[PDB]
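Report on the following structure.
Every protein chain but one is kept in place in this view of the complex.
Going in written order, the chains are labelled A, B, C, D and E, and every chain counts its residues from 1.
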């Protein structure tokens, strides 16, 4: 229901991760690996922004 | 007759400098449609803000 | 069918100076198709106005 | 094994530079008995369109 | 199925064919007119490149 924005708390493997990479890492970081609970992502320099419920 | 699609600016700040479409849908629903995201028909990102379009 | 797709200017001003597509679809449907947005086949934003394309 | 063929609209459009939807409508009127699903491609021209449909 | 890349073996009608024209002609040339098996096209001068499944 409720959406929230967090920065990835660790580095990505890729310098510029694509959407699938950020979804994977965001789910790993915040939703116990549940990719379905990741609602939005944004690519950054060795990082992602994650929007999840 | 039909409803008007009406545009209102968000009455509070967003957390993000440029909120994404999902953030604007969420916050617009919080502000204007009792948290009902289904009633938010359009959004536009602004500086720590959004424009919200919903029917009235 | 044999219907033409016809282009008409909105017969009133929009609320927004540069209306977005959703605003133009809403206002075009109000003006010309009794609020049926599915019958609005195309729109074009203009200065406080829209062009509306629907079948006749 | 039909060819996709290009023909110019045989009458003028109402708009000077018709948009895609107008060209689909008029191309269908001209060449596919008003069936827009049979219009596979369009290109806007001066008071006209090019129409791509199967023959 | 297998993806194969071939140049169109005949000329297109259009000088620079659009994507729809290339899909039609690529299907005629390589997939017995089945456009679904045409996975990609690229327009060229009176020609196309065709990527299709076989």
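Methods note: contacts are C-beta pairs under 8 Å (C-beta built on N, C-alpha and C of every residue); 3 or more make two chains touch, one makes a residue touch a chain.
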Touch with the omitted chain, as defined above, among A:6, A:18 or A:37: A:18
Can you list, in ascending order, the chain E residues touching the missing chain? 2-3, 5, 39-40, 42, 51
Could you please point out the chain A residues that touch the chain left off the display? 13-14, 18-21, 24, 35
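Just so it is clear, only the chains that are shown with their structure count from here on.
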Counting C-beta pairs in contact, which comes out ahead: D-E or A-B? D-E
On a C-alpha centroid basis, what's the spacing between chain C and chain D, in Å? 22
Two or more other chains are touched by the chain A residues none
